[PDB]
Amino acid sequence: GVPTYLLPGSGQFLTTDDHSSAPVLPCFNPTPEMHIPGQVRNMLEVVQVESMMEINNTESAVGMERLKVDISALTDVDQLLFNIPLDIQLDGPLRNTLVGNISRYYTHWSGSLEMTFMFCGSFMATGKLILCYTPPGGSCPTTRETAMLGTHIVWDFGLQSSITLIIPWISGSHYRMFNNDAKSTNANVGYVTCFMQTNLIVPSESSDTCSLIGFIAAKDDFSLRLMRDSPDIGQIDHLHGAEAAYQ
Amino acid sequence: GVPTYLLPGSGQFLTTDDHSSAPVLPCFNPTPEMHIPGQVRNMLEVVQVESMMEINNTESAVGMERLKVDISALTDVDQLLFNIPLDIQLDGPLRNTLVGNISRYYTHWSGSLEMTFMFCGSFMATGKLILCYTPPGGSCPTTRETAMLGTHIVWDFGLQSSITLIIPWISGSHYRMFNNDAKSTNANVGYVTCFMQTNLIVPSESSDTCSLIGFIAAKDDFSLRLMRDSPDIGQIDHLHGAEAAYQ
Amino acid sequence: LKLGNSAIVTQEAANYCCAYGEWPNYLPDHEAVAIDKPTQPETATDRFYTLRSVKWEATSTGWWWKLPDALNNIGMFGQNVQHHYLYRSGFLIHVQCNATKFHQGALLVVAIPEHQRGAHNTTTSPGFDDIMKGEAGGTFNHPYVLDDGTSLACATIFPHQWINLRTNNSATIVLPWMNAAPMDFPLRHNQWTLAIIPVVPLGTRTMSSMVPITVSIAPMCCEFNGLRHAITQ
Amino acid sequence: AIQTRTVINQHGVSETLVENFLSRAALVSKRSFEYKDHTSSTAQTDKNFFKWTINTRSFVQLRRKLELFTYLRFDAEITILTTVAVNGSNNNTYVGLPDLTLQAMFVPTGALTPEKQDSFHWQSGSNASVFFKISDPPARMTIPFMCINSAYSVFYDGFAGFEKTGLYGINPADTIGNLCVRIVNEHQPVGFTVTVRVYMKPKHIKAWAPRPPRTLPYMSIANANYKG
Amino acid sequence: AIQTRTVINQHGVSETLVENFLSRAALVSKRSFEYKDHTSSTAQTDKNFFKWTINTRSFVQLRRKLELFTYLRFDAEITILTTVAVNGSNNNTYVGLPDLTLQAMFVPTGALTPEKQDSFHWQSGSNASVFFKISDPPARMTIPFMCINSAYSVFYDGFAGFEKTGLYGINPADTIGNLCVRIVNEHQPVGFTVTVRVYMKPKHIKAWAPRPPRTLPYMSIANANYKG
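If you read the sequences in order, they're chains A, B, C, D and E.
Quick note on numbering: the first sequence equals residues 318 to 564 in the UniProt record's numbering.
Quick note on numbering: the second sequence equals residues 318 to 564 in the UniProt record's numbering.
Quick note on numbering: the third sequence equals residues 85 to 317 in the UniProt record's numbering.
Quick note on numbering: the fourth sequence equals residues 606 to 833 in the UniProt record's numbering.
Quick note on numbering: the fifth sequence equals residues 606 to 833 in the UniProt record's numbering.
With the rest of the complex left out, here is chain A:
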């Protein structure tokens, strides 16, 4: 017999182990694995594709029209139109997105996001619109004048329908540095703002309240680490379908 000793930790059940156990019900060939399309091998290609944000930060606009923002002829010049923060696990536009929801399963979500806006107006709905992105170190812009000083682009959607923004190295995490307090410390690591460079003008027969949506995706340098339980849905513990599989 091989002389073995039980190590400290033998016989315990770790929930995060790769130990292959005894295959119960053996010599059973399963259904043979066929090439189902859309194969997911990683969470990165999940978040690398575009996904809309809750751009309307007004709490009166909930449900459908919170994925879109209204630009009218009375929305004037030099006005903050959306104030999207580039932070994942707090309330805002980056809540029910792909990247935000997948990175809510993880603590650390350092990387780069690829956030894309398309204007949803008429074909000749022309208007110059300045998008200002601000770094984590800095104050949020309130006017077009302080939007021009920061790193910004001027997107005239008269001829270009979708604008494509590349964001350098957003890095946020979950912090529990306090001793057993469970404070759930958050982070502010960026803002993407919108301002009106000129009045949005439309033909008289077309709608003046022209709308705008936007997406967000991720690049290859975006990555996640140290998976956790996502607190989007809690345990309800009284589901109607429950205690029926238990029967």
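There could be a bad hint or two in this list.
To be verified - In silico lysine to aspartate or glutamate, EDC-like type, Cα no more than 20 Å apart, as pairs:
| no. | chain 1 | residue 1 | chain 2 | residue 2 |
| --- | --- | --- | --- | --- |
| 1 | E | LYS811 | B | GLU350 |
| 2 | D | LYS811 | A | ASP335 |
| 3 | E | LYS635 | D | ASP723 |
| 4 | E | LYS641 | D | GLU791 |
| 5 | E | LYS635 | B | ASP554 |
| 6 | E | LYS811 | B | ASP335 |
| 7 | E | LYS738 | E | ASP704 |
| 8 | C | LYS86 | C | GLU106 |
| 9 | B | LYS445 | B | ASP538 |
| 10 | E | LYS808 | B | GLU522 |
| 11 | D | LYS738 | E | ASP723 |
| 12 | D | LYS635 | A | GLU560 |
| 13 | B | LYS500 | D | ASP651 |
| 14 | D | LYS811 | A | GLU362 |
| 15 | E | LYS738 | E | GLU791 |
| 16 | E | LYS652 | E | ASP723 |
| 17 | C | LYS121 | B | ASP538 |
| 18 | E | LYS635 | D | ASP651 |
| 19 | D | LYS721 | B | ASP554 |
Claimed, not checked - The calculated label-pair distances, taken between Cβ atoms and stated as ranges, are:
| no. | chain 1 | residue 1 | chain 2 | residue 2 | range |
| --- | --- | --- | --- | --- | --- |
| 20 | D | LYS832 | A | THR463 | 16 to 22 Å |
| 21 | B | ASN505 | C | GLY211 | 20 to 26 Å |
| 22 | A | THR332 | B | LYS536 | 44 to 50 Å |
| 23 | D | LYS832 | C | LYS185 | 39 to 45 Å |
| 24 | D | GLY833 | C | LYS185 | 31 to 37 Å |
| 25 | A | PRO452 | D | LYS832 | 47 to 53 Å |
| 26 | E | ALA606 | C | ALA142 | 47 to 53 Å |
| 27 | C | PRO112 | A | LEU543 | 39 to 45 Å |
Hints were generated in silico from the structure; no laboratory data involved.
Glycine included, C-beta positions come from ideal geometry on N, C-alpha and C.
Got chain A sorted already, so can you dock chains B, C, D and E onto it with the hints?
Just chains B, C, D and E now, with coordinates in the frame of chain A:
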């Protein structure tokens, strides 16, 4: 000593394991294995050979004459003579067959069956007889006219004594999709029917009530998976020979 | 354009969506292990079945047609759906709208694998009537939640195009088979769910003047099981 | 409301794989069944044995994890952690906890699910069982991929059949098994309230057609109804 | 009466092998023998030890499985799962379950089967025994092929001899052994009702001359009589 830890599941008895244990009563050479004929290495060559079915679906005909069907001069033209379903684990002709009984030991029994009929009449007992097989997607035929539309063969047994049918890809299983209900869900995956193309005619000295039997076998593509206890015989628990080996 | 069927749809430049990057295809080596006699590569079934044009208003929320729920009970696809137990088909989703250049709106054309859509504030499962809708299809009572408890803000990870009416009025999603099964029964199951969901309401200076969303579906590489089988030999 | 930020180097891609992302042994079902000596058959089919159809939708967090993807193929490593507890009191020093064994039998589709702790289905033999004890390490059975199609339809846009009502999302396939756990020992004079906490670790995970996650709270296991 | 169908790929032939088909450890014999301290010898030759002649015909499902074939050669892996149970009551906290050992001794043909728990046949030495405990894993003895012909005649068209009556189907050969299980410990002041559930897994299985299965219910172990 080799440092070992007890895995979760060590010391348990799985009934479906291939672990070779300690050979009790050793250095004992058995009776040396000689070539006994008819060696069975697989359940496929069991079911690949022909076996009769309970073709008479009438419950009045039980025992002997349920393996055969009577064709007389008064059985007329365009009449349904047998209505064999191609389903294994429900009551019918496919109950006490080889393939049905072996595949009652298994849940999934996808494959092809090779079901063979021979006419058991006189030598000059001539009669055109149409056999219609229907796919799982479709209704059971009731007349010769709807038997001709489906995939069918016309077997005149005046000169040919045994007819041989090949059935493409019957696939049935056992389903317990309901949560702990034990409904024992079944499947309907085919029918083989019989109709009279013309009146069966016989000489006056021979018997008019000419009989017909049939067999069923399986091909090489027939296969079984996920073995279970066969419910053909239940536990009686009061057998007379029992408690005598226990003495 | 799109002349490979018995019915064509004339439109602008294609700009197709290779749905998950892959084209429709028939059974490869999976044919031998699946249900036998699948041979019929039904080409009259590939007719471009244009559903009736659902009516885009500003007050509208969305529409959906499950892909075996649509195209059944009509045409060659419907007749072979009743006569055939199981099938495999990719779908060429083609979504058009005769919207003017002056019209305002975005439209999430999204095709959903297994849209097991839930009911609203009832714990019971949706049934035959509110799932198997048919040619006209159902409407999203809550398009933001996609009637499934999910989020429309992440509906774009599915195979999707975008009718931004200022740049395109045409969608083309070339769906593959999309099932765990190699071939599956069209009566009891839907592999896909086309969803015409306006994330922007239709905009005009009037009371959202009329555009129709005409939806045209061709089952690409549609393959049923064969009723006509030589049962002899 | 302290706002702090840290720089993360984070040069890894393998932690976001689907295999690592779903291959965590999470609590998928747990109840305490009352094994204490039943002279009278009361609250039958749930009293003296633990029955649970093997589904990932029973617990909400792990449920929302696996309905991130439409189609999934995995060999569910089932780890069954049973902790007994004596109901009532006998003495003050030590009540005496026996090393009683349990038959954590796996009942697949097409197989007879037991309805009592002494039914004939426990001794079937065809449906595989493990016999493990409290003093033993918890039973680690890695059940294989039990589905007649090639992936688990965690959404099934359709019904189990063309008739009846309530089968939406109920695949005739998947139906991974009926995890039936009893106590093999005949009823002790003292009783135990044994809670079977079974953990599922999906293994050899392949995901297909990735989806938006669930955002409003769930209302039922069998469906995907929502509180909008 | 729901009627559903599924498409099964099912590209396997090895699951229908005879070795896999009969190599499942099924319950072949089980009774509870009353080991509790016998000051008076009552109900002798069955009270204080478990005797069972090793035959596959004792349980019906496994019996119908092995009389699918006429001739069988297998080394019967015998797994003996004994669960004791204290009859009566002593206290309310813990009755105290000792780690008592058992001699699961295998008595072949031509060997003396014991008639009591303290007979001299238990200490024979020639007939091999395993000594295992309740706290130990169950005793896995793989007994070899014990037959003076080359296969087990699960039907024997004939008698054990040309004279006497009742030997039809009783092979002078086969007679695989007398599985005799006792408790090695001398009688405790408290009693245990130990049930010996022994499981046979046939190993290295070769089958010959395959047969129709049994269709009406059995009526006796020794014969194949039928209720027609």
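Now for the hints, and whether the structure bears them out:
With a CA separation close to 10 Å, the supplied pair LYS811 (chain E) and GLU350 (chain B) stays within the 20 Å bound. Note on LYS811 (chain D) and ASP335 (chain A): the hinted pairing holds, with a Cα-Cα distance of about 16 Å set against a maximum of 20 Å. For the suggested pair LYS635 (chain E) and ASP723 (chain D), the alpha carbons sit about 13 Å apart, so the restraint of at most 20 Å is met. The suggested pairing of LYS641 (chain E) with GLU791 (chain D) holds, with an alpha-carbon distance near 16 Å, which does not exceed 20 Å.
Simply put, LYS635 (chain E) and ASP554 (chain B) have alpha-carbon atoms about 12 Å apart, close enough for the 20 Å limit, and the pair holds. Using a Cα cut-off of 20 Å, the hinted pair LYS811 (chain E) and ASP335 (chain B) holds, with the two alpha carbons roughly 16 Å apart. Distance hint between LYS738 (chain E) and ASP704 (chain E) is fulfilled; the C-alpha atoms sit about 6 Å from each other, no more than 20 Å. A threshold of 20 Å between alpha carbons decides the hint, and for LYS86 (chain C) with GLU106 (chain C) the separation of about 18 Å falls inside it, so the pair holds.
For the suggested pair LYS445 (chain B) and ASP538 (chain B), the alpha carbons sit about 32 Å apart, so the restraint of at most 20 Å is broken. For the hint linking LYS808 (chain E) to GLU522 (chain B), the alpha-carbon distance of about 60 Å lies beyond 20 Å, and the restraint is violated. With a C-alpha separation of about 30 Å, the suggested pair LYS738 (chain D) and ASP723 (chain E) falls outside the 20 Å cut-off, and the hint is violated. For the proposed pair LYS635 (chain D) and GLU560 (chain A), the alpha carbon gap of about 11 Å is at most 20 Å, so the pair holds.
Only pairs whose Cα atoms come within 20 Å are accepted, and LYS500 (chain B) paired with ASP651 (chain D) is accepted, the gap being roughly 17 Å. Between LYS811 (chain D) and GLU362 (chain A) the alpha-carbon distance is near 14 Å, which keeps this suggested pair within the 20 Å criterion. In summary, the hint linking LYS738 (chain E) to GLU791 (chain E) is supported, as the alpha carbons are separated by about 15 Å, within the 20 Å threshold. At roughly 12 Å between alpha-carbon atoms, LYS652 (chain E) and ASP723 (chain E) fall within 20 Å of each other, so this suggested pair holds.
This hinted pair checks out: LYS121 (chain C) and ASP538 (chain B) have alpha carbons roughly 13 Å apart, not beyond 20 Å. Restraint check for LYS635 (chain E) and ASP651 (chain D): the C-alpha separation of about 25 Å exceeds 20 Å, so the hint is violated. At most 20 Å may separate the alpha-carbon atoms for a hinted pair to count; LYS721 (chain D) and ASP554 (chain B) meet this at roughly 17 Å. Against the hinted window of 16 to 22 Å, the Cβ-Cβ separation of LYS832 (chain D) and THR463 (chain A) comes to about 42 Å, which falls outside the hint.
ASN505 (chain B) and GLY211 (chain C) have their C-beta atoms about 23 Å apart, which keeps the hinted 20 to 26 Å range intact. Checked against the hint of 44 to 50 Å, the C-beta distance between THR332 (chain A) and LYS536 (chain B) comes to roughly 47 Å, which is consistent with it. A hinted range of 39 to 45 Å holds for the C-beta pair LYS832 (chain D) and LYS185 (chain C), which are about 41 Å apart. Look at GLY833 (chain D) against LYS185 (chain C): about 35 Å separates their beta carbons, and that is inside 31 to 37 Å.
As the Cβ distance of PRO452 (chain A) to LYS832 (chain D) is approximately 39 Å, the hint placing it in 47 to 53 Å is violated. Between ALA606 (chain E) and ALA142 (chain C) the beta carbon distance is about 49 Å. The supplied range of 47 to 53 Å therefore holds. Distance hint check for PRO112 (chain C) and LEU543 (chain A): the Cβ-Cβ separation is about 41 Å, which falls inside the suggested range of 39 to 45 Å.
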